[PDB]
Amino acid sequence: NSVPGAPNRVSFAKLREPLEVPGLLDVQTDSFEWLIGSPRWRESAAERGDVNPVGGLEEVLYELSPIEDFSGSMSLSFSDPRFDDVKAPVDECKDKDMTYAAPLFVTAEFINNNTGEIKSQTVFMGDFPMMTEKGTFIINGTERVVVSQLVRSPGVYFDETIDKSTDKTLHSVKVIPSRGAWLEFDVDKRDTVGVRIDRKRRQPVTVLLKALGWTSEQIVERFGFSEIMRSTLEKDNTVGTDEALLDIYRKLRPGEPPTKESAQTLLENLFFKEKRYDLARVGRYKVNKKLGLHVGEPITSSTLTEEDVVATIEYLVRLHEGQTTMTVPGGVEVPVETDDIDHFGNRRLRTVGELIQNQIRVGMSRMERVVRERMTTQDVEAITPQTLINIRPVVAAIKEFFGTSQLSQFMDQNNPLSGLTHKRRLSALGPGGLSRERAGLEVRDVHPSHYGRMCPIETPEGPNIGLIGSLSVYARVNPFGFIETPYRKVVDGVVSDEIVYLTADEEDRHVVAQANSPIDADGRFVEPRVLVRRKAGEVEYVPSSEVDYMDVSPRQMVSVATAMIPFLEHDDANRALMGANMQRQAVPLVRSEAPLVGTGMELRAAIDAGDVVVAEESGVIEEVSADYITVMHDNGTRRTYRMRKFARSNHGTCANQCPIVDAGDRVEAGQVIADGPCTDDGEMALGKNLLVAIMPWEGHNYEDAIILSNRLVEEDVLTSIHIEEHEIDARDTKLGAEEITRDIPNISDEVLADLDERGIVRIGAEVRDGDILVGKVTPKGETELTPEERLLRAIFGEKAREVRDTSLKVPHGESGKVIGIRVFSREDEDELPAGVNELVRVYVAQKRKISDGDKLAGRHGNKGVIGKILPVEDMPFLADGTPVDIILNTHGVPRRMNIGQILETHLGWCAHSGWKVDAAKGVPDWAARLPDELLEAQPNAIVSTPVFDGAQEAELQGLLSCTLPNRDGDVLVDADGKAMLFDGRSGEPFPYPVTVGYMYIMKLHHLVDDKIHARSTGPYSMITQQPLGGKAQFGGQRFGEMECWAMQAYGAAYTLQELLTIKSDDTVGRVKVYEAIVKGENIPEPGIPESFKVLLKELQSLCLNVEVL
Amino acid sequence: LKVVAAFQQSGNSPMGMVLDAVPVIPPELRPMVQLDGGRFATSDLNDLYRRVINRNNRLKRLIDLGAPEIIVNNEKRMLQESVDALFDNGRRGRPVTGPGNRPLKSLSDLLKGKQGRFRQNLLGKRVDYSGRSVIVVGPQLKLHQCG
Amino acid sequence: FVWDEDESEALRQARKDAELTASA
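First to last, the protein sequences are chains C, D and F.
Numbering-wise, the authors' numbering comes out as the position in the first sequence, counting from 1, plus 29.
Numbering-wise, the authors' numbering comes out as the position in the second sequence, counting from 1, plus 295.
Numbering-wise, the authors' numbering comes out as the position in the third sequence, counting from 1, plus 201.
Pulled out of the complex, with its shape left as it was, chain C reads as follows:
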């Protein structure tokens, strides 16, 4: 299906899909695209309307340029943002640990105002970071990701509250711009209004209008119908335009003699000067769109007319008089309603180009703020535009931005799915956003406007629920910064293919139809009565007359990683949240067999993932290697393709790539040539197909305990790859320099014979913990020794040296081979930070077996750990004797509500078994509709079911009715889907048939070396005497409070005196009790906690005669 190298996979799609899935990176690729302003961006945002497209940099230019001095005698201008070429490829930049950047030119001009001057000078504005075709960024070699930050859109926010004293209705509105002060038009509990701008206690409406320069007559004429404000014109208590506007300036400061400045011009510096009060371009459009303004206009500005202000005055009073509709002179009529808070039309998305746009904006806000200052103090006629530009704070703002931001994070590269789902991700918190503890549990929940645009399922389980959203499949970004959704439009019961991108705002007015609808061959409905939703979102049931718009598909509320999860409709959404979150934490294996049953996502997923070799040009294969593929294009030229071999992740997983095709194949542009990670044959794979059992057995599946079979470890089918990196340098100190050498202080030679000529170890050594990695040695100084050891050195006749034996050794519980050796040096032209002479890096990889306790799960949210690795013979097995793989427990079924595994158990055994339905005379009613041509199956088959349109239940029972056996005539699995099994321990058959079958499982990343910690004696803090715990530290175990309460509840106080004293803080006891353990003598009495006495000294510091008696 529109994929060149696709393997066949049979589906249960009852419907079609008229529109294909869009490109998934287009949320990020088309976002970049725009600050540059590509020619592809030019035509792309030129064919879909988009009359006069302007560049993102240009958007800061034409508002920034021209630059004008306070004297008005000279001027400075900017023009033409453009870009140079790249300086290094991605493999070099990731290799040589730099930024992936390209130069930037902007042609500026100084223009004198006294006589006119043409100082035009294309100035190198600095380096500029660049996005890959993978959608990524490289900072110091690190691959980092920009997170999308959801914010509320600026504009007009109407609201009505009801008080609890007199229970009546006050009507307010808060109107927010971008980067300015606020203003609120409220209604009092009494009469009348609430018109304090920037929170100065109250204003009246009329003094805003009369001091705005309008008669009290036109208050009656335009706003007298609208009779509650007649009381404002009664109790306005000041007659006179400036006579009340002086009192307005008294409301401003207070206490300053007003002039003709502070009458109108200062007010028009808050609302009619567009240099400090500048609402959003979309917020402009939102003002027009709400207020029913002159909206057929190509306009662009950020200026605030007062006519909109009196418009929202009269809309406000028509609201609080009780109405439904409203028109305006000169503009479109508006249905009167209150506003929503968390509606999507009120909450937009700052994209990365808007983010970086803000960072360039503040970068010129910090850059130019001395340039206009130096328009005076620099010498006239002696200034070139080069002498006025400091390019330094701009790139300081860029590198400042990519560092220390919680919107820039590392790529989670441990699953191509996980790397995909780190993108398309919707975040609420951040700079320019809310505070985490200081935001209530009301923005967290979902609202019916969330439908079709953001999936409500994917969120982390911890303290982030409602904070992290996930973008759906068919969404698309508004150039204004919103979500747009295509919908099928039906006229008179004729569904068109007319794909119309739509927002939720206009969707409120309109009629959204049903996906699974009885549609008859044209767009015509069998039934006349259809379920539908109102603007409230309530589910109503309507006759087939009003319907203009139809759904495009099922799965519209479903995100990407959500869409890979079959039989969702039969299990709990909470469990779906669990295992849906779990699949990003999968690990790669070394085999990558395709899953037996999936959907139409996985083949569609990895082709947009970009870890797999996609054929660029339709040609023929010339010659491949183990490491490269030299293709033959149909028109002349060739191209080689270097696949990446065993690249280290951010988490230490394997990024090896491998060829899948031959040397002479006629291939087409877009096809798969070679895959890398967990993918196979064009589609993802998180594990293997395994034979499952559903009985409880000997407490070894006791409350989600999981067991295994012996074959898998010996057939190595779950083997993992883990690369751990170590790094140390050679530096300089005050006394001298650090030394990397083969010369060691007092040491064995067995620990040296695997090291090279110059320190470091050689290729392919197998280490154990405590072995020495890099030979590092520093000078001591000049100290003295004890006379006794100095005697012994004379006895053994060997002074050592005046140096220190401080070398690099391996941390613990670690083994494996070292593959790569990377090493730098300051004298060898290497750029690396100061004080350092020489650098080295080590890459240590290791095959790891699967063992007990590791984190295992199935796709339906079921999970658990490995209790016992059995032998091969104590095992349930068939009448044909075939041993089982794992056994799952019964009671995870009822209370966790997860029967989809049972569903795919039956369907999975149907797939391994294969069928050929014997309806040679008449098709049964279960199979009477679904597809045709499906009633056979060659076993070991390749099948799929979509999300909501897959199989139905009688069909599932129907496929079991054909049972193509393994070798002989043998119905091992009955029509109820159970088998008769033998004891693998004593031998006898079991007196009940048992549910068994196949299930596709997976493996995660919580290995037993990761969370193990242990310590008897190690390092301590320097502030306190407490043990210190980190990565290379042994770790320490934090002992709490309620713990101590329970220790009191025993009353085992000698234990407590052991715990808080000799184990925590008293230094002089530790030597005593440790040495007593050494000699095996008595436990000494615990002395005074000296950490306690520290408090007493603090009290004695502050004029306190404290004393003990």
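Accuracy of the hints is not assured; some may be wrong.
Mimicking PhoX-like on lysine-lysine, the simulated pairs with C-alpha atoms at most 20 Å apart in a straight line are [said to hold, decoys possible]: (1) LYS302/C <-> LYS289/C; (2) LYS229/C <-> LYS217/F; (3) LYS407/D <-> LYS1126/C; (4) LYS876/C <-> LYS1040/C; (5) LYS1122/C <-> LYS407/D; (6) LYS400/D <-> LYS1126/C; (7) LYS897/C <-> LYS437/D.
Residues from chain C that keep clear of chain F, each with C-beta distances beyond 12 Å, as calculated [what the hints assert, rightly or not]: (8) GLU350; (9) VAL391; (10) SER990.
Keep in mind the hints are simulated off the structure, nothing from the lab.
A virtual CB, placed ideally from N, CA and C, is assigned to each residue, including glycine.
Dock chains D and F against the given chain C, drawing on the hints supplied.
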């Protein structure tokens, strides 16, 4: 009458409410550490004490010459505020901030707050001879047994 | 009549703090 009664009961005096000598805490509670590469770190209190000693020597030299009183109440006032910022920053007027416009740590800052007596003592801490790992079932064991 | 509430007190609050910080 409560507090006049309080001085009335005990064998104390209100002499300590004014001071003519200021104690100094031991130095290891304001310890100074140099990292590798010559990277120095220490406590905030030390330069505050330096403001104290510079004002005491400054006044101390300035009295001996003699002065108009405008200087005198100025220097004594700076001395009093130095004592105040030594004990508790931010109580009187603007808090003393340093680099980054962030407030410093006074004596009460070591005592009050999220480094308080709970948060120093009763917060609990980590000790050795301990560990942690993941767990599985031991169904063949006994109650007194463990693996 | 477009006096709100607590505004003379807000002058006493911001003034009671204002001569305090001005006298600081």
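Results of checking the hints against the structure:
1. For the given pair, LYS302/C sits about 17 Å from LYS289/C by alpha-carbon distance, which is consistent with the 20 Å threshold.
2. Straight-line distance between C-alpha atoms of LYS229/C and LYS217/F comes to about 18 Å, which keeps the hinted pair within the 20 Å bound.
3. With a C-alpha separation of about 16 Å, the suggested pairing of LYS407/D with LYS1126/C holds against the 20 Å cut-off.
4. Pair hint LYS876/C plus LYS1040/C holds up; C-alpha atoms about 19 Å apart against a cutoff of 20 Å.
5. Between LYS1122/C and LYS407/D the alpha-carbon distance is near 18 Å, which keeps this suggested pair within the 20 Å criterion.
6. The suggested pairing of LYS400/D with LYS1126/C holds, with an alpha-carbon distance near 17 Å, which does not exceed 20 Å.
7. A hinted pair counts as satisfied when its Cα atoms are at most 20 Å apart, and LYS897/C with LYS437/D qualifies at roughly 18 Å.
8. Against the 12 Å criterion, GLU350/C stays outside the reach of chain F, whose nearest CB is about 20 Å from its own CB.
9. Remark: the non-interface label on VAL391/C is consistent with the geometry, its nearest Cβ contact in chain F lying 30 Å away (cut-off 12 Å).
10. With a closest Cβ-Cβ approach of about 79 Å to chain F, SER990/C is found to remain outside the 12 Å limit, as its non-interface label requires.
The structure fails none of the hints (numbered hints given earlier).
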